[PDB]
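Asks: So the chains spell out like this:
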Amino acid sequence: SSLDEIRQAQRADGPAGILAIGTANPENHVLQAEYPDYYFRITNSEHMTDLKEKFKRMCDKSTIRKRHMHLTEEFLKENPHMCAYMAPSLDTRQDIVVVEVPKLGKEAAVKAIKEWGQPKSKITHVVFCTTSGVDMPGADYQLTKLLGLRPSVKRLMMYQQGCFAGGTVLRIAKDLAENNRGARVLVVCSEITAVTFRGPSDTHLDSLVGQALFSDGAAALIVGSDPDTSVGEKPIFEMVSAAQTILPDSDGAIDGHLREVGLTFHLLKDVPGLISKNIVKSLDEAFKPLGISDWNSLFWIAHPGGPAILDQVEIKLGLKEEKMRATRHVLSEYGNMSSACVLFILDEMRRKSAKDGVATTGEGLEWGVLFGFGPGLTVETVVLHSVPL
Amino acid sequence: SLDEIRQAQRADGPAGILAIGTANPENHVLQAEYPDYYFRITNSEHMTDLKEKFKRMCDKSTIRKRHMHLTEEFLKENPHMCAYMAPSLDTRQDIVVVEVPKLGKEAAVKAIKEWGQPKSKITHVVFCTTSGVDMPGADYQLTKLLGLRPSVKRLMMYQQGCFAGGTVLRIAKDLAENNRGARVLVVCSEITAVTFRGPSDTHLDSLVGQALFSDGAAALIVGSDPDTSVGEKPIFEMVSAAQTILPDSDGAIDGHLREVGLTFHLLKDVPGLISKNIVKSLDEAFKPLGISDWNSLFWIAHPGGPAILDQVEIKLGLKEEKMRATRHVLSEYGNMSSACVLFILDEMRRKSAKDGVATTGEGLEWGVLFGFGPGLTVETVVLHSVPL
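Chains as they are written, first to last, in my numbering: chain A, 1 to 389; chain B, 1 to 388.
Just chain A, same shape as in the assembly:
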């Protein structure tokens, strides 16, 4: 009867858990070892011989083996304005991603829902995240339609977020699931680089780096509190806390602008140095309350923005080489899929843990940490607890 009684009945009891993870990528893919030849040919830039050598080194240094790409050679042959460095091309790019981003998201969501094993009518909330296009109604609406979810799902559409937003969607889903009894949140991160693909320029090596790193993928979660074992729900990881911060002295480190030429990418500061110099503050804030100070005792998920971030964090903290294994495996096999990456890494970790026969979904360890890194410079820090295997 009272507002207090209503509130306590309305909310969930326990911590939010990740109940299922599904992933998808465009079938079309490129091997990184072959990409410099392909890229300079399809962008009619073969005369740029010095720049091509720089791009070969970028691709070699990336540690990426394979990237999935919705954009095909045949499509680009028909759309040379997307192969130029800077031609009017937003409309064409939007035409692609407003359709393909929810479609790829749906593919991942179907897999998550299959693992979860529950009727889709039990989904109460949808969180859709992309950095690839914008439209109204949004991709959240399109996903809802494609999946045939209840019209009364509570949707949140996260557009133009950037690379930290795999952490952001966990932070969002945590509060939705924990504050609402029975809530089951479908989380989808879906990224298609048709908005950022463009030809090379030797006066914009930061843009060129993006053409070596960024790739396509989608990941989906079901998140909820108070799992129902009787119907086959089983958490994989439990969330404990989620934080976000802006690093000091990082203004303009990573900017992205949506323009008539598509989405442009700018780097102005040493991103690996900024992250490695400041990450301990985020670890202490997250783990000091738990009495944890040994960062090698945690299972690790880090957004693989590039290999230098991972290498410099590993050195700065004295991490064992094994700690970044799952992260690096995803970077190698998929490249930088922006917001989706950390969710692929959670999937990799729990799957490898099961294959290897260790004690928990987090490489046999109890506590873990997930980091998103992106424009701001923003760091998202999520504290996770594993589940026994």
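These are calculated hints, taken from the structure and not from any lab test. One or more hints might be untrue.
[Claimed, not checked] Short derived list, chain B residues pointing at chain A, Cβ under 7 Å: (1) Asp3; (2) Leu75; (3) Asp90; (4) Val133; (5) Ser151; (6) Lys153; (7) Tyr158; (8) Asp174; (9) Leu175; (10) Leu316; (11) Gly375.
[Said to hold, decoys possible] Derived DSS-like pairs: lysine-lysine, alpha-carbon spacing no greater than 30 Å straight-line: (12) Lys120(A) <-> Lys60(B); (13) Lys268(B) <-> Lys103(A); (14) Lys60(B) <-> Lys113(B); (15) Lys276(B) <-> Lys120(A); (16) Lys56(A) <-> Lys77(A); (17) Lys145(A) <-> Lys322(B); (18) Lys121(B) <-> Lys288(A); (19) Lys268(B) <-> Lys51(B); (20) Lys120(A) <-> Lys280(B); (21) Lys316(A) <-> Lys281(A); (22) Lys276(B) <-> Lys145(A); (23) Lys277(A) <-> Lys119(B); (24) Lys287(B) <-> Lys60(B); (25) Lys103(A) <-> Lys352(A); (26) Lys268(B) <-> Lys120(A); (27) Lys122(A) <-> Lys287(B); (28) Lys287(B) <-> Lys145(A); (29) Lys144(B) <-> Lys277(A); (30) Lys277(A) <-> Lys121(B); (31) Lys288(A) <-> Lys268(B); (32) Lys144(B) <-> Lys288(A); (33) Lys122(A) <-> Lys276(B); (34) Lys119(B) <-> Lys281(A).
Every residue, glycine too, gets a C-beta built ideally from N, C-alpha and C.
On the provided structure of chain A, position chain B as indicated by the hints.
Replies: For chain B alone, kept in the frame of chain A given last:
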């Protein structure tokens, strides 16, 4: 244990709106004079029949005044924004990526002043706009402009549309309620520089937008567990928040961000769809509370246009007084997209106080707030007033 940590981490009570601040560009247009101004500045004075259509649209809009960042002087310098369809996204973005967080800041400063607490106590920022996109977003820019703590937890809601005043309340509710001590700065800021364009006699739906849309920002502080010992006091308390898609409404309102800016497209019958279905949202929200008399509620409805309000009133048998606050904001400010319903909350609690009625909700206990927009999406927030 994790369960113990969870109990300590979360808040106890319902989320309240602790402060409301609003702002608009100083520049404004009187609706009575807009058809002449608009058809002049868009080089369309020869379009005689179309101007008459636009005059009737403006006359029927019930809008008296709209605030507009875009000035005549600026538009004279930028004829490509005055065309119906010319490449102009870059110019529009250049405006709104700066001006949207600036206007938001003006509203937020007022909300923070009313709240009366140190800005360091803000833990979360929710920024909502339909006017431009950028990385980092307007949430980051606002955080910087206000000098908030670098570790505020931000959510950037871009390209949301007209229902999102309801959406930000729904978001802020869960943030505040699930996090002990959380104090959420909510800002909706809209500038129509992305949608302004010249007329076309084959796109009368676009022309409607030119009669209705306007600029403004609103800011809230939202939190649970108000501390009276430092002078916090809720204005309204949130009880539940829902969202739904109306049946048979696919494609009613679409909006695309293109090289020509943001374009809007209307199909079907939006006032009809909303009014035919709104009772199902009211029943879902209020049947668990034992409430069925919709005239017993205080009302906030997104004033997407006058026909929505008129047809909801007729369908539900609402007394003429119910939509007073809503219509006042529509008259004085026009359709400020996501910010409107927050202006209407402010209008309602201020009028209530000035009139000396018993509560912030026109003397009534229970209320409802509706956002309407692309989907067709309806957001439904149940509110409880506070005694005056």
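Asks: Of the hints stated earlier, which fail here?
Replies: Hints 2, 10, 12, 14, 17, 24 and 31 contradicted; others consistent.
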